[PDB]
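Next up: just one chain, as C-alpha cells, the form solved without this ligand.
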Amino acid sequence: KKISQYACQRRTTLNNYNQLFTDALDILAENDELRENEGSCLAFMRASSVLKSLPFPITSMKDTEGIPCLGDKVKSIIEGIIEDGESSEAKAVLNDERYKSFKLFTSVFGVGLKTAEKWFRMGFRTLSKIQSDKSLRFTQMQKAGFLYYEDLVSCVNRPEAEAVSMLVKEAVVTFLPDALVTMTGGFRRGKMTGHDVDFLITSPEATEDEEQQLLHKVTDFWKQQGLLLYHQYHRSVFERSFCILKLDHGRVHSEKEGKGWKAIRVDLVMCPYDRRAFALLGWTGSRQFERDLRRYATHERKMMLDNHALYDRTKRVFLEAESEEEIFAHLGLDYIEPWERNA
C-alpha cells in the first residue's frame, strides 16, 4: 500500500509517532502564515499532515522513501532533527521577534494580521503596553478578547465542552424542540482540549424564518440568563454566531475556586435540514482534512464539494446525502471516522 498525497485517503488518529518532526513543521507553517507566505505554509502543513498519519517514528532518512508531500526543503528539516534532535530552523522562528509578537497579538480574540502588523510597526511587543496605551482604539471584539484574555487562552477541556453542550441544547429546544445539536470541531475528532466549542444545529420541521431567527433567540435567551458576555452574528453561506459564554463551575463535572465561572468561546451554526451531512463533514475538520477532501473532489473526481453540497460536473447533478458515509461513498472514498480526520 502506497501512502496517498490526500489526507482524506489516510487515517490520522491523535497517536502521533512523529511529534518531534511535526511540531517543528507546524512552527514553520505558522511562521509563513503570519508573513502571508500561503504557498510555503500549505507546503509545510502537507508534510506535517502526512507524518502525523505514520504508524512508526522516522529514525533515518531511508524511512522517508515513498512518502508524498516531502519536498527538498522539508527533507533537510527532517535530517537536521535526526542529527541534532532539534530543528535549528524552527528554533530560529521561535526566537524571531516578528513571530513572537504576531503569535502574542493574534492570541487576543479580535486581533488578526492587519491589527498585529500595525501594533508591531508602532514598536509594541507586549500586551501590557498595548492595553495601557492611551492612544490606541479597539474594536468591540478586541475589548472582549482583552477582558476575558486569561480564560480564553486557557484550554477548553472535555467536561467544559459537555457543560457548554447542555447549555446549547437547553436554549435550542426552548425554540425548536425537535432540533438536533451536534458538537463538531476537534472535540468530535476526540481531542482532549480546544480553544473553542463548535456546534451544528438543524431542524427537520423548521421553516426558513424559524432557522433564520433561532440563533438570535438562543443568544437573547442567554442574555436574559446573564450568560452572554459577547456575541457576533454572520448572515447566510450558513447562519453563524460567535459568542463568549459565562460557564459557571457548578455546571462542570470534572475530576478537579476564586470566581466560579470561565469565559468560553462558543460557535453555533444553523443549517437547513437537507444540507446537514455536508455541514457536519465541513465543520468536523481538521482544516487539512477539508482542504484535501475538496482537492480530491476537484482533481480526482471532477466534483465540487463545499459545506452545503456535492456537485458532479460530468453528470450535471447535485449528489444527495443523509450522512457523511454517503458523501464518502459518492467521492469513491473508504469511510474515515471523525477520530481518523486529525490530519
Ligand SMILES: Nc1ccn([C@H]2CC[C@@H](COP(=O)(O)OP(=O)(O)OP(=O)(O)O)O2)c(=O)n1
The other form holds:
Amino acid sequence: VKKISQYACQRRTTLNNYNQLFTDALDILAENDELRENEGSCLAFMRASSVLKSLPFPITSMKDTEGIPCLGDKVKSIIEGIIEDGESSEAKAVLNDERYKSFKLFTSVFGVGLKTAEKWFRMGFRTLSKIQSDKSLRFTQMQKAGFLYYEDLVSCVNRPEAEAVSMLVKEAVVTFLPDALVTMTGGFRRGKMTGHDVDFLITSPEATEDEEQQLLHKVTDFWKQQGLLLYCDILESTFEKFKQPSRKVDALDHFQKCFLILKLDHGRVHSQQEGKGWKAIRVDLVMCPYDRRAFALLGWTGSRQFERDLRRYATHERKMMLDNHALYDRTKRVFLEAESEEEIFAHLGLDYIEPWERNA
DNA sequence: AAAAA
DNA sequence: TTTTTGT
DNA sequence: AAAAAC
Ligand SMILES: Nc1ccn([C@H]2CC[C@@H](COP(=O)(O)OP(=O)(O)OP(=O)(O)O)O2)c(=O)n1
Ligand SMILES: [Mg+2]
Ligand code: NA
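For comparison with the form solved without this ligand, kindly provide the form solved in complex with this ligand.
Up next: the whole complex, starting with the chain shown before.
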C-alpha cells in the first residue's frame, strides 16, 4: 500500500528477481548507452532496471506499472513490447549491433576498458585472436595477464571458490596481523552465488601506521614465495583524514589496496574433470584505518546502484556528502562518525538495509 | 531518459 | 524551460 | 602520458 521510493537505498532488493525478462533487456539498453557515452539515458535505464528488481511480483500487464517510479514513457514502451511477445525488439537490435558486440568482447579482457575497446574497434579489430597476434599493438602488464588467464577470468567465481579464497586470505592476514578483521565484501557479502572477483576489507584495531602499511606487502610476498601470485598491483594509500576528494569522477577510493590474480588450487575448493588442477581468480584487498571501517565496508559491499543512490539521497535529501572514507554534514559543518553500517544509515535518516537486500 | 528545480 | 544524474 | 584496476 506504501509508495516505492525512487532511491535504491530506500528499497529492499533481494536476489529473487521476478522481472528478469524486463531487467535483462533494460540492462542491455543501459550498457549500450554507456558505450555510446550517453550517461543520462544509461542512468535512466539502470534506475528502471533496479526498481523492477525490487518488485515482489512479475509485471504481466501495463496496469501493474502504475505508481512505480523511474518508469518514464520510453521505459514503459519497452515493457509493453516485452508483454506483447516475450521479446524486446530494442534490446535485440543492440545484441546484433557490431559496436556493442565488440565492446562486450574486448572489455571482457582484464586490463581493457572503454577507451582501449573503442580504439581497437575503430582500428577494425573484431576478434581477440586478431588483437593478440597483431605485431604493431603493445599490451600493458594488466592486459598480458588478462589474455593469459582469459578463460578462467571470464568464467565467474562461484561460492565454493569464494569461500576457499576467503580461507586463504584470512589465514595469510592473521599470520602477519593476528588482531586483523577480514571481511569479504562485494556481491558475495550480498548473498550472490557468483561474481567476477572476490573482494575483502582488512582493518586492525591495534596495528601501528607502519604495521597497517606493510600487511598487504607481507601477505603478497608470502603468496609470491609460494608461486600463487599470478598478478599483483599494490596501490599505496593517498588517504588524508581532512582532505576534500578534489576529483569530480574518482573511480577508486584513497585507501591502500591491491588488485590480484591468485592461483587457486582445486584441492582447496570444497564443491567433473580436473584439468590443469587450478583456477585463476581475481581478488581485491583493501586496507583501511580502523576508524573508517564502517564507511569502507558500506562502500565496498555495493551494489553499484545502491552506492550511487545512497550518495544521491545524502546530497539531495539530507545536504550531506558521503564516500568510502567519511560522511560530512554541510548544514552542521561537521563530519559524522560511525562504528557500524547501522550508524551510517541512522545518520542519513534511513531504515537499515541488510547487505543481502542491497542487490539494486 | 526521468525527475527536479 | 534548464539542471541534474555518485565518485 | 592516457588508461586501468573498484
Ligand atoms: N562503479 C562502481 C563499482 C564498484 N562499486 C563498489 C560496490 C561493489 C564493490 C566491488 O565492486 P565489484 O567487484 O565490481 O562489485 P560486485 O558487487 O562485487 O559484483 P561482482 O559480484 O561481479 O564482483 O565496489 C561501486 O560503488 N561503484
Ligand atoms: Mg566484486
Ligand atoms: Na576489462
